[PDB]
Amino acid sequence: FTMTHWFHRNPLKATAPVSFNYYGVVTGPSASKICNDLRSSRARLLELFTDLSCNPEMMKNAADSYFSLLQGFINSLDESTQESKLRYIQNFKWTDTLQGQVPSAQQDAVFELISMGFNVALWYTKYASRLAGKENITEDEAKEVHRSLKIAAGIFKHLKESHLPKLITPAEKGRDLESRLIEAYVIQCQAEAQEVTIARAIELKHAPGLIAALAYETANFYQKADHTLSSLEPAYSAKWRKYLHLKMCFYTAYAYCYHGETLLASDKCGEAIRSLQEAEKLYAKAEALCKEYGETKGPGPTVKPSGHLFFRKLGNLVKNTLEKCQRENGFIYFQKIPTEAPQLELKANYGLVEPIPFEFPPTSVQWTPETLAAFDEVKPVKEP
């Protein structure tokens, strides 16, 4: 019915156009075909990243077209020879999410594949956040938000697992093509996916125990993401870590809050009060982090967190639940309020999200030992 989320998004990656022309070395009509298609499908894919018309199907479709043609430069047709003789033919320049307009370059097709794939995953996360903000979002759309976030995680995960080790020149800290940076995108994608799950479990009036456990695990996801970026230099990674940190605090708050409900239901009203008192602490901390995030410099979203409805819903919830617990303890239970916060040992039995497995398409049919034999400036991106 309604979705209230606030997602921080780093900028898209931008690349210098590639003609794919090598007039001298490319011989024959079909050898020209793949060079023309490589150019047009890459161009059409780069266009779709900013095309507001694009839906997941279209995106998967355009990525597959390009990727299937690109793998000719990387994978063997033989199903034997190590790698394509074309791997180091071209040079690809990409900006990176945390590095402003300062480009990195490699004459490695894998570098292109990973950088592009990274951008595709990134697009899915932006598609999700835009859609989650649609004014009269339908349930089938909210379901697609969840699914896009899981698709992004799987792509990120695949890149890191089975493509990043192939790179001849390792990427420096702060760069997108680095294990610690990708790992954090996987975790983040999972955690953002669980936010949607948590919202519904609350709208669908589920048991407070399940919600608290979901919220706790989500906070742990955000926490792990923050810790994974600890290595990076504050100059370019601080704004993003702030976000991850406030989400951790935010969902630890939801956890103490809903666990408080669980305690109340167990006639332990005094314990419930203490739980909720801890939640209002964490809510306050999350609000302080929202201000800091605003003050902190780095690439960022146009809508600031501090004062967002997302955070106001938690504040009201914590307030009501606390007051309800004090009301019950004042007139009925009369239990003592423990001095220390409860120890949250919560396991989410249902709702935990796993990335959606990602694979690149097969090498394009166009590639023939014959077609293979025939082989002898950044343009920035605009985001509303």
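Whichever C-alpha set is largest while still superposing within 1.5 Å between the two forms counts as the rigid core. Positions refer to the first chain, counted from 1. What changes on going to the form deposited in another entry:
Looking at CA displacements between these two forms with the core superposed, a shift of 2 Å or more is confined, among 227, 180, 166, 134, to 134.
After superposition on the rigid core, displacement of the C-alpha of residue 72 between these two forms stays below 2 Å. In the core-superposed comparison between these two forms, the C-alpha atom of residue 319 has shifted by at least 2 angstroms. The rigid-core alignment places the CA of residue 328 2 Å or more apart between these two forms.
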Contents of the next structure:
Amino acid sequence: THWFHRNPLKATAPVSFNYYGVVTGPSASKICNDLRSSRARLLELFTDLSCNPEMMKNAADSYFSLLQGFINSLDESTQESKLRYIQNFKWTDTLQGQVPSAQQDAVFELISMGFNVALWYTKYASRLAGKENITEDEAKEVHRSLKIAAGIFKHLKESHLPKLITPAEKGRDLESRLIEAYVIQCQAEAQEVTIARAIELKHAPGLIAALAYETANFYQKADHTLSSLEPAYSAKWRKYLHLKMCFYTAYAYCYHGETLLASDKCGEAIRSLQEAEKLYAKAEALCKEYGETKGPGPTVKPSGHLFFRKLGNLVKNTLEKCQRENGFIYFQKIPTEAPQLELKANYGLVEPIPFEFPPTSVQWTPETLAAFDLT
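With the form deposited in one PDB entry done, generate the form deposited in another entry in the same format.
All you get below is the one chain by itself.
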């Protein structure tokens, strides 16, 4: 069963979109009511455990198609919307606890809400990934959800962050590096699901070894991305990434050893299996430092060792094959160093699904927009 660390959802101040005098005429007034309601509904859905990706997709597009009117021009004879600065938006952040941040920009709202949707996808994903039975249909769903979240994060980062007038404090979700980390964790996580599938389907060891190794590199890269932050808020997360890295380095060594065995290198294979078991033991160390490290989001546990099942199988086959050469329980002619892994994964690597916001709601007409009078 899967274990994925999760930081808490962002929270936001209620927005009524009630502008009083600024609003003149029924058209502009109804569009403000629909903004109010479509935002409220989307926010309610975040904490709803009966929410699936169909409902979230609908609610999000409804709200975003309206919100877009505060951002993009209609006739496009104007740079942007005149309402972009009308409203102050306040959001908490995944690592920052109860200390919120506020900007009066519609873009900040767009990015923050969109960031929370992606977040919601990773949570729906891990909620499902943690169930026991876990049919194949549910696995695609988890895999797909994680890739959708990736696309949203990536899109927000490249096509949106630059538009902001106010750069976010380092350590906030709207900082570029933080978003890159979320992208990479989403890919790494989707690949975990593919690794479990590859293993139950009994694919080639080299394929699984390459995928495990590439996955550990993503975690290492995500960790390197969060390295530029402050230890107080970012420490727990980074420990989890380091832990994952040990977990999947241990898998790579396990399945590499089967490769070395099939090529009749007994000493090298033995050494490589020893490394797998060592790394996994150190991974069980880092696991406790992780559970004892103060930081945002609850602590998760691996349990569930399918590793020792494979290892026991490799060991018996290796000892039967390699004894009379390297020895029975006391091993001779073993390389002093573990093999240095360079592995290319040709199968299983995950791309984020390209994402785009819906086009501005047709409910935004020049007449409606004109009924907004700022003075």
